[PDB]
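Asker: Residue strings, one per chain:
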Amino acid sequence: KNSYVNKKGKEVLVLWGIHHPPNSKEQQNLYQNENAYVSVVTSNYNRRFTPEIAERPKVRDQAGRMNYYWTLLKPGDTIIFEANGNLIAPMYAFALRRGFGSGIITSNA
Amino acid sequence: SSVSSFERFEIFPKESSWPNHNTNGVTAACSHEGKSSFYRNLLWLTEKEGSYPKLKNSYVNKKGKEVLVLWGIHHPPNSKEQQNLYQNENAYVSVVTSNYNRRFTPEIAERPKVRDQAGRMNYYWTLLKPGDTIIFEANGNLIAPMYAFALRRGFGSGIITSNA
Numbered sequence: 178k179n180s181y182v183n184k185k186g187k188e189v190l191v192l193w194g195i196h197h198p199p200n201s202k203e204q205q206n207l208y209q210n211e212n213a214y215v216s217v218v219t220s221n222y223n224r225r226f227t228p229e230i231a232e233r234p235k236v237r238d239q240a241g242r243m244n245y246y247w248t249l250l251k252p253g254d255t256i257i258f259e260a261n262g263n264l265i266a267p268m269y270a271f272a273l274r275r276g277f278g279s280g281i282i283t284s285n286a
Numbered sequence: 123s124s125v126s127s128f129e130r131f132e133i134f135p136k137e138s139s140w141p142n143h144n145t146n147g148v149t150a151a152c153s154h155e156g157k158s159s160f161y162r163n164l165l166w167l168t169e170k171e172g173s174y175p176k177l178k179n180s181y182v183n184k185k186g187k188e189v190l191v192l193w194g195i196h197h198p199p200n201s202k203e204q205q206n207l208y209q210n211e212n213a214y215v216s217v218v219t220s221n222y223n224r225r226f227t228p229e230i231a232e233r234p235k236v237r238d239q240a241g242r243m244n245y246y247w248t249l250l251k252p253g254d255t256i257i258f259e260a261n262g263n264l265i266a267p268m269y270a271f272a273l274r275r276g277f278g279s280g281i282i283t284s285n286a
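These protein sequence lines map, in sequence, to chains P and H.
Residue numbering for the first sequence follows the UniProt record's numbering, beginning at 178 and increasing consecutively.
Residue numbering for the second sequence follows the UniProt record's numbering, beginning at 123 and increasing consecutively.
The set of hints was computed from the structure by calculation and includes no laboratory data.
Don't be surprised by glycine CBs; every beta carbon is placed ideally from N, CA and C.
Some hints could be false.
[Claimed, not checked] Some residues of chain P that are not near chain H, with every Cβ distance over 10 angstroms (derived):
(1) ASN223
(2) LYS235
(3) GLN239
(4) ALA270
(5) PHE277
(6) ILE282
[Claimed, not checked] Simulated restraints, written as ranges between beta carbons of each label pair:
(7) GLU211(H) x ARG242(P): 26 to 32 angstroms
(8) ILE281(H) x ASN261(P): 25 to 31 angstroms
(9) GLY186(P) x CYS152(H): 28 to 34 angstroms
(10) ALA286(P) x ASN221(H): 48 to 54 angstroms
(11) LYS202(P) x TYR245(H): 40 to 46 angstroms
(12) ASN142(H) x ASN261(P): 31 to 37 angstroms
Based on the provided sequences and hints, a complete structural model is requested.
Answerer: Written out as structure tokens, the structure is:
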């Protein structure tokens with residue numbers, strides 16, 4: 178269990194992953210607990226995650242899956258990461274400055 | 123926004139619907155008159171004689187029109203409070219109708235205190251059709267209805283935000 182408080186005064190965008198092994202033996206040699214979990218929570222966020230161990234097609238030569246999540250952490254809001262396996266914890270997060278006239282375009286110029 | 127009116131009728135009577143569960147669960151977050159109080163349309167069900175037997179209580183929509191039912195599901199900050207209020211760490215709720223079917227499970231984990239409460243309270247709803255039954259089955263963490271609302275659909279209605 179690890180915690181961060183938003184001391185930036187700006188919307189901290191946190192990204193984390195939840196891994197899903199293709200087999201139960203890999204779950205037991207990377208994370209020890211077969212019935213592992215993760216539980217990322219804030220003041221208004223609350224979600225538990227659980228690895229769905231199952232045999233799947235290889236993509237980038239990987240039968241495993243890797244579910245990427247996010248939430249906005251408000252000014253002064255605390256986030257509490259908790260787990261006993263499969264949590265791919267953030268190194269870095271991004272304190273956003275809102276601004277208008279921005280937007281995504283697809284250009285070959 | 124598409125309703126003109128409804129009636130506030132007691133869908134599950136506080137005393138008779140729960141002979142095996144203490145219904146007078148009350149919180150400082152829902153305080154009123156300065157003392158701790160609770161929702162006039164919900165019951166916080168807890169242990170009675172230090173036990174929470176598996177409840178199974180049912181209502182049928184005999185109002186002949188869309189009954190909006192409201193219920194909460196509690197999620198403790200710790201496994202001590204999960205035991206002390208609900209007896210079962212393997213606690214669940216299951217609210218089911220003709221076209222509705224949903225099971226709930228307490229996501230127990232420590233969280234940032236809001237309104238001076240580390241616990242969470244997830245408010246769910248469903249429309250109960252004319253003549254349709256709703257069945258509440260649980261062994262913990264069900265915050266059962268007291269009251270529900272038989273709708274009367276309106277036109278020209280809508281929600282506005284006005285300081286006038």
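Asker: Would you mind marking each hint as holding or not holding in the structure?
Answerer: Status of the hints after comparison with the structure:
| no. | hint | verdict |
| --- | --- | --- |
| 1 | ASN223 | 5 angstroms, violated |
| 2 | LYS235 | 32 angstroms, holds |
| 3 | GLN239 | 29 angstroms, holds |
| 4 | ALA270 | 16 angstroms, holds |
| 5 | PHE277 | 23 angstroms, holds |
| 6 | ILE282 | 35 angstroms, holds |
| 7 | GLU211(H) x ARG242(P): 26 to 32 angstroms | 29 angstroms, holds |
| 8 | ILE281(H) x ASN261(P): 25 to 31 angstroms | 44 angstroms, violated |
| 9 | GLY186(P) x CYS152(H): 28 to 34 angstroms | 31 angstroms, holds |
| 10 | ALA286(P) x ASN221(H): 48 to 54 angstroms | 52 angstroms, holds |
| 11 | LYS202(P) x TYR245(H): 40 to 46 angstroms | 42 angstroms, holds |
| 12 | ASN142(H) x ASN261(P): 31 to 37 angstroms | 34 angstroms, holds |
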